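**Student:** Spelled out, the chains give:
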Amino acid sequence: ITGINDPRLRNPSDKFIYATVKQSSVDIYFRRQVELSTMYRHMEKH
Amino acid sequence: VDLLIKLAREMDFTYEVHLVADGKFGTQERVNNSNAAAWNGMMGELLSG
Amino acid sequence: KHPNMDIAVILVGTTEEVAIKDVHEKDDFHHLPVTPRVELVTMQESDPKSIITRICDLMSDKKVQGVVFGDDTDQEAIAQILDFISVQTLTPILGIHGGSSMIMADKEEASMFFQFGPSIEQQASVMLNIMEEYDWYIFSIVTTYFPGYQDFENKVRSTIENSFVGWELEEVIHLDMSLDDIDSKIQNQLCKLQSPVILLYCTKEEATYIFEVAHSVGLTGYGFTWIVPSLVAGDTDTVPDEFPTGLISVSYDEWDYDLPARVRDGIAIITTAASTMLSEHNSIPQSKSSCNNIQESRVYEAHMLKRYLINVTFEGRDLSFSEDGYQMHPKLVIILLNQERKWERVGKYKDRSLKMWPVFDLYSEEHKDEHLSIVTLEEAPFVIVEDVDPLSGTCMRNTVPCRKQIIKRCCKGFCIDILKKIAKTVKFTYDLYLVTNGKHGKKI
Amino acid sequence: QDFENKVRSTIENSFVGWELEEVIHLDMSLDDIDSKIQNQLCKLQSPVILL
Amino acid sequence: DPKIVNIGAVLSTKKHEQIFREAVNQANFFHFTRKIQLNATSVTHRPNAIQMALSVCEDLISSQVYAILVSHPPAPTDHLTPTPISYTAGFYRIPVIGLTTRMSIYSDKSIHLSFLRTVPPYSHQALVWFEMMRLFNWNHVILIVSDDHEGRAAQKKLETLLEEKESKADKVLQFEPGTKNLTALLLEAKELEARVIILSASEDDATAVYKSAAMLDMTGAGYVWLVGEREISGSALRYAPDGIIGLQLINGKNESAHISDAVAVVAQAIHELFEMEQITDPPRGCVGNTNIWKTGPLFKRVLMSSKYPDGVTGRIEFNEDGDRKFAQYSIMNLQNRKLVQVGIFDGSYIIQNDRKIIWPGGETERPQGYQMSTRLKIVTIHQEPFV
Ligand SMILES: C[C@@H](CN1CCC(Cc2ccccc2)CC1)[C@@H](O)c1ccc(O)cc1
Ligand SMILES: *[C@@H]1O[C@H](CO)[C@@H](O)[C@H](O)[C@H]1NC(C)=O
Numbered sequence: 662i663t664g665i666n667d668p669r670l671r672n673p674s675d676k677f678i679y680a681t682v683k684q685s686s687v688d689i690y691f692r693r694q695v696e697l698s699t700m701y702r703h704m705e706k707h
Numbered sequence: 458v459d460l461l462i463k464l465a466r467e468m469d470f471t472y473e474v475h476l477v478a479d480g481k482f483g484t485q486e487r488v489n490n491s492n493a494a495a496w497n498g499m500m501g502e503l504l505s506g
Numbered sequence: 026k027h028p029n030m031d032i033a034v035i036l037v038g039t040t041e042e043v044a045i046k047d048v049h050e051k052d053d054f055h056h057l058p059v060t061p062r063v064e065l066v067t068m069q070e071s072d073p074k075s076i077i078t079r080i081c082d083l084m085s086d087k088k089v090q091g092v093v094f095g096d097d098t099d100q101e102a103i104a105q106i107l108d109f110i111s112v113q114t115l116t117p118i119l120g121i122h123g124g125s126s127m128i129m130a131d132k133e134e135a136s137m138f139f140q141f142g143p144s145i146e147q148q149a150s151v152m153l154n155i156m157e158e159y160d161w162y163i164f165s166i167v168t169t170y171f172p173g174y175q176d177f178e179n180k181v182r183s184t185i186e187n188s189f190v191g192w193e194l195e196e197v198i199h200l201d202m203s204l205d206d207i208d209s210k211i212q213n214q215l216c217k218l219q220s221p222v223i224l225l226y227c228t229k230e231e232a233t234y235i236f237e238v239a240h241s242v243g244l245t246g247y248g249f250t251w252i253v254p255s256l257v258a259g260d261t262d263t264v265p266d267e268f269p270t271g272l273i274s275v276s277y278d279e280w281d282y283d284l285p286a287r288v289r290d291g292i293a294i295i296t297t298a299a300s301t302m303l304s305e306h307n308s309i310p311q312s313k314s315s316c317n318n319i320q321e322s323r324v325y326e327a328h329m330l331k332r333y334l335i336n337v338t339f340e341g342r343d344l345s346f347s348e349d350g351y352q353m354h355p356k357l358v359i360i361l362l363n364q365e366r367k368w369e370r371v372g373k374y375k376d377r378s379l380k381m386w387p388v389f390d391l392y395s396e397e398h399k400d401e402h403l404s405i406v407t408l409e410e411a412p413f414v415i416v417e418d419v420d421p422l423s424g425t426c427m428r429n430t431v432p433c434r435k436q437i450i451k452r453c454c455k456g457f458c459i460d461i462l463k464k465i466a467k468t469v470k471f472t473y474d475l476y477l478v479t480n481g482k483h484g485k486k487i
Numbered sequence: 175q176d177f178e179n180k181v182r183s184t185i186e187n188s189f190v191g192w193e194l195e196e197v198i199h200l201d202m203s204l205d206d207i208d209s210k211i212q213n214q215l216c217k218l219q220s221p222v223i224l225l
Numbered sequence: 023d024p025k026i027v028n029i030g031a032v033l034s035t036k037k038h039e040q041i042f043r044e045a046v047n048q049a050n051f052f053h054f055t056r057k058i059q060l061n062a063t064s065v066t067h068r069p070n071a072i073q074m075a076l077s078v079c080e081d082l083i084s085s086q087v088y089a090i091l092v093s094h095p096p097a098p099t100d101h102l103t104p105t106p107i108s109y110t111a112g113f114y115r116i117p118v119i120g121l122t123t124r125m126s127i128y129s130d131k132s133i134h135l136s137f138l139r140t141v142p143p144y145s146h147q148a149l150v151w152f153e154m155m156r157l158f159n160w161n162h163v164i165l166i167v168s169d170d171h172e173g174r175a176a177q178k179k180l181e182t183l184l185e186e187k188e189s190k191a192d193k194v195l196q197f198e199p200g201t202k203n204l205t206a207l208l209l210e211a212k213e214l215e216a217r218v219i220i221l222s223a224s225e226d227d228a229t230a231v232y233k234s235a236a237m238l239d240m241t242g243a244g245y246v247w248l249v250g251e252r253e254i255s256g257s258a259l260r261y262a263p264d265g266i267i268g269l270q271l272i273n274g275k276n277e278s279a280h281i282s283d284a285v286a287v288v289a290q291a292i293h294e295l296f297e298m299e300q301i302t303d304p305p306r307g308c309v310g311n312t313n314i315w316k317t318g319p320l321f322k323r324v325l326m327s328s329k330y331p332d333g334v335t336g337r338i339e340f341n342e343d344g345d346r347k348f349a350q351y352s353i354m355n356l357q358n359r360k361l362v363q364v365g366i367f368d369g370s371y372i373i374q375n376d377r378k379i380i381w382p383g384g385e386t387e388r389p390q391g392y393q394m395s396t397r398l399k400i401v402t403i404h405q406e407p408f409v
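Chains as they are written, first to last, in the UniProt record's numbering: chain A, 662 to 707; chain B, 458 to 506; chain C, 26 to 381, 386 to 392, 395 to 437, 450 to 487; chain D, 175 to 225; chain E, 23 to 409.
Extracted from the complex, chain A is given alone in its bound form:
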């Protein structure tokens, strides 16, 4: 994973999972922040 901004994240795939805990503060980072707000949803899955 090249960076915090990873094209691989930016290029999400159903085939390549990226996983987190719902209600983890990271999720709060995803919801509160507008700039990456699109990217949150892919993480939300699984």
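Check before you lean on any hint, since a few could be wrong.
Unchecked claim - Simulated crosslink set (PhoX-like; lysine-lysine; CA at most 25 angstroms straight-line):
#1 C:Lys51 x C:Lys74
#2 E:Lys347 x C:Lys210
#3 D:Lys217 x C:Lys217
#4 D:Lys180 x C:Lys210
#5 B:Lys481 x E:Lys399
To be verified - Part of the chain D face toward chain C, derived, beta carbon under 10 angstroms:
#6 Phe189
#7 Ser209
#8 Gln214
Claimed, not checked - What follows is a list of derived Cβ distance ranges for each label pair:
#9 C:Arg366 x B:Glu486: 32 to 40 angstroms
#10 E:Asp368 x C:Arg366: 46 to 54 angstroms
#11 C:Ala286 x E:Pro24: 36 to 44 angstroms
#12 C:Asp283 x B:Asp479: 36 to 44 angstroms
#13 E:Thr302 x C:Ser188: 45 to 53 angstroms
#14 C:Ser423 x E:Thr302: 35 to 43 angstroms
#15 C:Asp53 x E:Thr302: 19 to 27 angstroms
#16 C:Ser395 x B:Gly480: 53 to 61 angstroms
#17 C:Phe54 x E:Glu210: 52 to 60 angstroms
The set of hints was computed from the structure by calculation and includes no laboratory data. Cβ coordinates follow ideal geometry from the N, Cα and C atoms, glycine included.
Got chain A sorted already, so can you dock chains B, C, D and E with the ligands onto it with the hints?
**Tutor:** Using the frame of chain A, we list chains B, C, D and E with the ligands on its own:
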């Protein structure tokens, strides 16, 4: 814990510890009207006391 | 043995002296255990004294156990008045049209009052669905001190927090119509807001003043758009043109079902509640109606009726209420002010889901005119078609809708983003779909 | 606008990125019931005003 | 030519009606009668809400009242018996002024938008408590409220006062009315370190509160009690604990002083009003008018801003909600199981009467609060590296 007891030797306080019921630390949630309930988890315990 | 209930209904207005009398009440669904006994009365123009006097007058010894109210009027206040009588009588009252249907302050729990207008919360939800459909993400709210504020602000807050999209709430404004202004204090605030999409909430009369002031401020023009709840549009029969054109608002449809059909719904609800309450306790709901004296004994027992009456179903149709007394999900129509004085329908919305007709560049611009539909094809990375989450029911984040004739597909990618920035800069709206024959152009 | 023009040259020539926010032209003639001057003036958010 | 401008009111007794008319005539005599004259109309309280509302639409509004005054009836029925008028006048935006309604539910402009009063609500009593809290330096307290618009409003007001400071919710405790046993909630209260308590409830509820509180011996020293006027009064007084601190609004019982003053203010407001043009008379009679009265909100605006600081009741100014400002209360103490004035509160500053301070249990002087907690309850989560 070692930090806490380090403080406890440093600080006048005495400590009793219990883990929060919810596995989550805390997050805002629940009902719509006004602002309702409070963030679930240990943080919620802190405000609740 | 024979359990005949006592009921009364009133119509105000109707644009007739000799308003259509007793059109309904004709036996339908007679199977229901209690048969209705109906007394119908009409009164021409509304008053607190006239209505209070008449409703108590019909109460007399008559002992009516239910009332339905209906009006030609645009008046907000009426519902509350009848509600007050209900609080006093503990006699159920509901209304099928106009002002009674128009929203009101949160009803006293002990009190029994119902409205066939939509819930404030529901309406706010529909307003949000409308904004999401056109993907207008950034918006502000102008409100007034009229009841339901903060139930509305809260409802918007709840509805907004949950969604993934990076929408922006810019400002919320609370201005008292009371302490009416020399200051044009409303002008002084309203002038501040820069946001493109505005939700307004107030009494029918207040909307006029706020709009004249907005016309002075320059808020009605050119790219800004306004969205409104049931109250302002009211009947929709009469429309001061002080309201700007392109004004967007939701209301109940007259065309789908006429007022007598609606009254039939009300009667059906009252007698169904009576039948269910009967089935439970085998007990007559009938009670002494007279307001002047103390409320009749065992009327205090009536609470359970409300408990029974909240959800009622007949004709394969649900009347289910909400704790506030608005019906849970009446069918609703998305309406716009067509050029000139027309209120012309744009959308239909029901239960969970909403459907709207126009594709693109919705809604006579001085700088420029018409609308542009666009076609594309899927290629990676540049134009990517994705299947939208079925649970969500509509596209998420950067994804913009595109349709393919063969089903809604969600397009996002390089072309989508470049197009999006371009649309933002040149300021026009557009409809996007997918090509069928031959993808990128081919010569045979 | 000659005032505007002189300012446009003076402000423009300099390397610095100062910002002109709004320029407002209002006729004292056709005196207002509308408080059109209030309606314009209320809008501007800038800290420093040349009148 | 003279013009007769009517006023209307609902009052407890015919004697008070005569007092009303007398005050009105004093207003006429002392202000220009050539330009304008004031006329008085009034009616006794009716048994139900409905007879009275009908009275307003028929007996009063037919006289074209520019404003209405209202007072609590001789035997209070439920509460907020002057609820209907605020609604009824409100339709036409006719300003209403209550004399005796200290009820808080009228403070929200939304539901009652025509309502003004010559007395502050029970919620505004918190102004005292904050000042009280301010003097004694207890930042830590506990709040016990009944669950209703009244209690919640009190909580909102006090918390809003605290918001200027770092927000202080030391603890807050909500109970629902009509509940005879409150013991568990107080058991929860003792655990909280802060030893000072403040409560708002109805008399009947307060009986239960003190009854439950005495069982757990929270009435003892090291604990402080602050309360509303209603709490010290009635059956609640009988079961009340010693050393409690209490409040009584001045001239709260008297309608008449408030009558003379309210009418004086109305007169000043009108005479100030007619200085303005594009005025319209209020609607003649309830019948046939579905429309509001455009002047009414303006009449409200001037009337809220209407000064005239010299009055029989005290200083007069009105807050945003139309509630009165700068009212005066008399602090009360329970010494020897009897009510005594330890001090009196007027304006924004408390005043200390010569009487000795009493605290609950035996104290010559004992301002004690907050104790200290010798224990820390610590919480954690299951995270592998640090736990
Ligand atoms: C809600 C209305 C007052 N509201 C309550 C009383 C009702 C008249 C009535 C008379 C007799 C019996 C029952 C009811 C008329 C409507 C007012 O507060 C308001 C209006 C608009 C606004 O921005 C702020 C406040
Ligand atoms: C003055 O009040 C009396 C009631 O005492 C009433 O009869 C009369 O009509 C009133 N005058 C006006 C002009 O309203």
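**Student:** Against this structure, judge whether each hint is valid.
**Tutor:** Hint check results:
1. C:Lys51 x C:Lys74: Violated, at roughly 31 angstroms.
2. E:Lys347 x C:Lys210: 24 angstroms, holds
3. D:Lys217 x C:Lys217: 6 angstroms, holds
4. D:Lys180 x C:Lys210: 36 angstroms, violated
5. B:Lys481 x E:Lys399: 18 angstroms, holds
6. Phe189: With Cβ-Cβ at 27 angstroms, over 10 angstroms, it is violated.
7. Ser209: 6 angstroms, holds
8. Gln214: Nearest chain C Cβ about 9 angstroms off; hint holds.
9. C:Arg366 x B:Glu486: 32 to 40 angstroms: 47 angstroms, violated
10. E:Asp368 x C:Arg366: 46 to 54 angstroms: 60 angstroms, violated
11. C:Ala286 x E:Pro24: 36 to 44 angstroms: 58 angstroms, violated
12. C:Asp283 x B:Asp479: 36 to 44 angstroms: 54 angstroms, violated
13. E:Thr302 x C:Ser188: 45 to 53 angstroms: 48 angstroms, holds
14. C:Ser423 x E:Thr302: 35 to 43 angstroms: For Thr302 (chain E) against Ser423 (chain C), whose Cβ atoms are near 55 angstroms apart, the range 35 to 43 angstroms is violated.
15. C:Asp53 x E:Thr302: 19 to 27 angstroms: 50 angstroms Cβ-Cβ, so the 19 to 27 angstroms window is violated.
16. C:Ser395 x B:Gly480: 53 to 61 angstroms: 58 angstroms, holds
17. C:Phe54 x E:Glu210: 52 to 60 angstroms: 54 angstroms, holds
Violated hints, listed in ascending order, are 1, 4, 6, 9, 10, 11, 12, 14 and 15; each of the other numbered hints is respected by the structure.
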